[PDB]
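Listed next as structure tokens is one chain, alone, in the form deposited without the ligand.
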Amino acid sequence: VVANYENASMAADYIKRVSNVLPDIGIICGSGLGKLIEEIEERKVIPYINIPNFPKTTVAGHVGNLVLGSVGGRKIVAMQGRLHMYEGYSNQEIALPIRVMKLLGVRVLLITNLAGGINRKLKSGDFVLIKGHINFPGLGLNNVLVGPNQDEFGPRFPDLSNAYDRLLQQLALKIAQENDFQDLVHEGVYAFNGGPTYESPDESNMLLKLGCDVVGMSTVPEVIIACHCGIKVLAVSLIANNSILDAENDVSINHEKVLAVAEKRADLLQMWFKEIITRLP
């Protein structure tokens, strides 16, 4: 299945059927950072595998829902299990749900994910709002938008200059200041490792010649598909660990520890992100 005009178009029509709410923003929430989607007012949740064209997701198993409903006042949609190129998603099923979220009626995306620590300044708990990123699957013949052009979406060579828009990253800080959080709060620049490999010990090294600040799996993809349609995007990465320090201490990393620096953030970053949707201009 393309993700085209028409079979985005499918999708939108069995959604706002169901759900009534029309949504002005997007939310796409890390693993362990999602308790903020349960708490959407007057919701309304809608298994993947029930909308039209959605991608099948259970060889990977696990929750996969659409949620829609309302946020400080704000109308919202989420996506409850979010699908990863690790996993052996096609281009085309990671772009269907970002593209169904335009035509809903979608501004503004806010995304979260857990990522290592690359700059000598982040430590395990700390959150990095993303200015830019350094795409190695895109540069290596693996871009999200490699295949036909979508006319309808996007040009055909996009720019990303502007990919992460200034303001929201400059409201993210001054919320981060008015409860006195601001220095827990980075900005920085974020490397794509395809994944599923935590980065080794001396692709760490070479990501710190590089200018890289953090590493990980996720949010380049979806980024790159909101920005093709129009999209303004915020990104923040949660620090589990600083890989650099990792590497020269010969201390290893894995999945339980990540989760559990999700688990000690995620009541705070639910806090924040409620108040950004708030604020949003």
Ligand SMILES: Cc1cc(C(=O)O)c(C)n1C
Contents of the next structure:
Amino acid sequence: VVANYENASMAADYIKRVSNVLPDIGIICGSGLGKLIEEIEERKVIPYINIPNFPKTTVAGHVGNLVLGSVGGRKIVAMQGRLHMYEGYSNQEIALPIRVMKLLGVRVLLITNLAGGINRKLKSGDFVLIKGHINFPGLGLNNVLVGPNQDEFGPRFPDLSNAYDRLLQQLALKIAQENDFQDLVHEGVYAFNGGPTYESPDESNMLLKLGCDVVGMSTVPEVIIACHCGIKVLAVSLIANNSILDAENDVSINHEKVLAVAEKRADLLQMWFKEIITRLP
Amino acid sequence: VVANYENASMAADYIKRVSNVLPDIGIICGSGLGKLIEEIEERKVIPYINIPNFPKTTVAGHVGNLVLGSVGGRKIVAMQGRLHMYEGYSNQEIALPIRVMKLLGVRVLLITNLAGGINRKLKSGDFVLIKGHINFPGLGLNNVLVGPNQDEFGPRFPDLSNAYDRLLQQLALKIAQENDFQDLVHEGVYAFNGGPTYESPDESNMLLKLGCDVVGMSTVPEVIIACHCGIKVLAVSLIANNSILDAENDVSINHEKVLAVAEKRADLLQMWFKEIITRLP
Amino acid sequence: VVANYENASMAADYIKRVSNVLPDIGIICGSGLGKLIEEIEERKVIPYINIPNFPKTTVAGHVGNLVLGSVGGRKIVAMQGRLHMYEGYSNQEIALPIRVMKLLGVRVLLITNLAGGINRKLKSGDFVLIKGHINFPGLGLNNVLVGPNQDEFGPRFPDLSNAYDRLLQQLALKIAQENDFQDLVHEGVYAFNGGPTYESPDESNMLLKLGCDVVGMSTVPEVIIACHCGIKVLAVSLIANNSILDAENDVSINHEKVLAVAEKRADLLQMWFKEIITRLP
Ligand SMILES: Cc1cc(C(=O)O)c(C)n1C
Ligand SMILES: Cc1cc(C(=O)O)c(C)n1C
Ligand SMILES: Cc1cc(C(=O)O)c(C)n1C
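Moving from the form deposited without the ligand, what structure would you give for the form deposited with the ligand bound?
So here's everything in the complex, that chain up top.
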């Protein structure tokens, strides 16, 4: 199924009939960082499998819902169960839910992920406000926009220089200062590693030479689809480890260690993003 | 449809019957840089859609013709409407028209494109004679030759060290000097960004560290198919902007600004390439 | 055909019935480096085409057998006719033979290849013990594990930091010292170029800046599938040329020159790997 205007419209029609909510804000949350979705007020939970033209996700399994309701007095829509390109989903499958958000009325998309630290100033448990990216799949002919352009959503050749909104970054930092956890908050450039292997020690050393601050396996495809159709983005990485230190010390990362960092910061990240949603212009 | 010997032969048969021209030279022109094709003498215009085994292009739309005739007393064949891999065309679709050129008798391929400047010596409106390339899709398993080898055209493992003919570069520079616009002409290494997003500010900074002089979204796939089957190549980039300066100053590029640079240099590029065609050994 | 547990099991069943050998060790040999396979004792030769669910290889042609028997008193299984991703094989086709090795009982995989030298200390005819890698296809969304995870074999997010076993590297070096050819043996980081074009002169210069010691078109996909399912790996490159010197001197490489280096070192490499097999813990 192509992520075109007609197909996204049919999905938006089903959603509008079922939910009654007109959202201004969309959220996509990283693994272990989804507790806020369970606190949406007057919620409506819509399984992906029920929505016309949504991608099939039963090979991977696990949760896959769209959730609509209110947070802090604002109308939002959340994806519960993210689609990652390392699972084998196509460009069209990743893009359709973001384009449905656009047709529903979304103007701002908030995104969190888990990532590895490259910059020597980053420690496990730190947050990074993403200010730009290096898209290795995109340089190598696997950009999320490869294919026919869908003109109703955006231009054939987009400019990504303002993909990460500067005023949203400033508001996120302001709130961290108000609650005295600004010592945990950095800014940086995100490298997209297609995955699903954690980058090797020698790949990490290469990324340090190339000016990357953090590395991960998500987020950049959604950012590019959002920028293409005029949705503003704030993206925040939670740092699981420092891959450069680990390479010097011959220490390994694993998914168990990653999820333990998620649990350590989940409640603070929930409080942070609730206040960001409440304060958005 | 595979770009094999039998399929390319059927297309060359149709063309020979219809056109009566036996070309020695092929040309592929960048966007806004196609005026020379409209001045081919005793022309024959052949829509792609009419030629057996040519790739289907109706999803993208816009012009798509093969044009044969004479320029400066030389027999040429031009592609009017380029195929780009960021549109979703396969390896086989890009390669077949070049292999048809080979069977028609082409020995030299002349190529122009629009590109972004990385080297700090490059300004908008400058020309770059391409002397080598960095093929990010090719390093990442999207090389145009991935697939079975077509032995009738070339070897399984080609060497690209002489892909950009040195004597053709010298002739192009000599002609610029004769007409006193050599101050506009540079040489450089071309990075292939699969596209269709313009490279991000942080991607541009990375390319500066890696020794790239210019970046664009075309040309390298055609160069590799030509080199594989023994066709000599001259490739010239027209510089739309300097991406490094733009990143320092937070200025954006867009397709409108690019086409305006094309119009500013179109007539000089037309005159230049007409003289190159006339003077080729 | 997916490289899943059921499909790999059906192939392992056929093999066990036909061969009677229970192998502990697997080998994959580079081009021109396959003489050891012809000396396996009490051999059983099984054409790929006869084995349920093995990938179809008739478009490329040439040899394709699985060979089981004894070397130095140890039970082994060899692939005679390698599958390379630049031929157009999918992730699933490359992975299935390695996962069949796992089900047959393989605990150690020994791999050889031909490669280009980047590090200035490397000459034609040298050997490199691979200690880590830079996986350009993997950074760019063509990792061999992209797709659903096959949980019976390994985890969704593998760590590759110990993919190249350190004690196996030490044993290989010890044997070189015993036979007084240690002056030929180096260690280094391997860059995976998807292929099939030899890297360009400017790509080689880029790899020198990025800390790569050698470059080639194979091996990393098999290493990653082996690491994912807990098989230890030793990988050795035979150096065909130094690509950096060749770029400075405008000298070309070609497949004929590569195979001549293979023939010069084939008998010593055969003797080396026979002793490694005999001595494995
Ligand atoms: C969470 C995570 C993702 C990655 C990546 O290579 O994409 C790494 C090293 N970590 C720790
Ligand atoms: C014309 C053009 C192409 C590209 C590219 O990233 O491929 C850029 C930055 N410009 C200006
Ligand atoms: C044997 C070989 C492979 C490669 C590669 O680019 O992958 C090179 C340069 N050589 C010499």
